[PDB]
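A single chain comes next, written as structure tokens; it is the form solved without the DNA.
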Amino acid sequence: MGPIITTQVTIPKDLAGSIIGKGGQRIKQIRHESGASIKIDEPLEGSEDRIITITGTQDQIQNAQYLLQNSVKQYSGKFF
């Protein structure tokens, strides 16, 4: 399965709420389902995007990425 590594993805700031949820319930669930550690950057770190940092095996990271994409699509109607 390989070592633990980190990858970042970017989500537009106006969509990033799709992955958090009340009480962070969504991001908590996405971590649980993927097995990866997932954080988000502070909200005013600018750019048009928020940076999400995903740490785990490559497989966990891929699963987290698809859960993040599918969540943005559920709540916004588009992928990022």
Second form
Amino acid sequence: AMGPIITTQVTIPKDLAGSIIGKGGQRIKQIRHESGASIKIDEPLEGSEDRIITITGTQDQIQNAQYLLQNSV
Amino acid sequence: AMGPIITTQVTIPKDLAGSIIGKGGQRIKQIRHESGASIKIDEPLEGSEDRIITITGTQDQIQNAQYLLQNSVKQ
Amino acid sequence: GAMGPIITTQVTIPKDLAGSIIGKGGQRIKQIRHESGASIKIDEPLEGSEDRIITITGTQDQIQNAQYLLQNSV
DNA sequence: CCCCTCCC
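What about the form deposited with the DNA bound, after the form solved without the DNA?
Every component of the complex follows; first up is the chain already shown.
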């Protein structure tokens, strides 16, 4: 059972965002295709050190994506 | 034919660095993406009004980057 | 009227052209470094390639001086 | 205008 598409957000220290994205964005593109989740990384907010990541998919896809995001860091 | 990855440095007056970087760094992000060069702007340094920019890529990337840098300041 | 930071610039040259920069017994390049005051290093050609990288280190003036002298060599 | 493996 897939269940519904849901959206989850988390923040990431901006210092660490390059690890999830990777040179030429390869690593995030890989995370999106492997997990099947939509993954958005916002620009860092106004004078702040947090960057919001939005993950959208079934619960499994989102749990898949959270692991792949962890393994990146 | 891309050729070797090389590094060039130039300086800018520190009072011009804002035009290049942009609010929340958006302009410089755009310049890196578009030229495909790595572009690093150093902090202040200590005492002086010059700020070093390091550009790394193929010769075309670096030339592409130098135009986009100039386009940021001029306009 | 103000020298500024020592900075580094690289440019490539066709390998077939490097003899002109160097001179017999490395004398033209020696002359280029003393003249401009820039430090100038020419790498060995990278594998499978026609290009040699030249690294010039100095202030902006020294580097521009060196870039002219390199050009006048060719 | 202050970013920084920078993707969409």
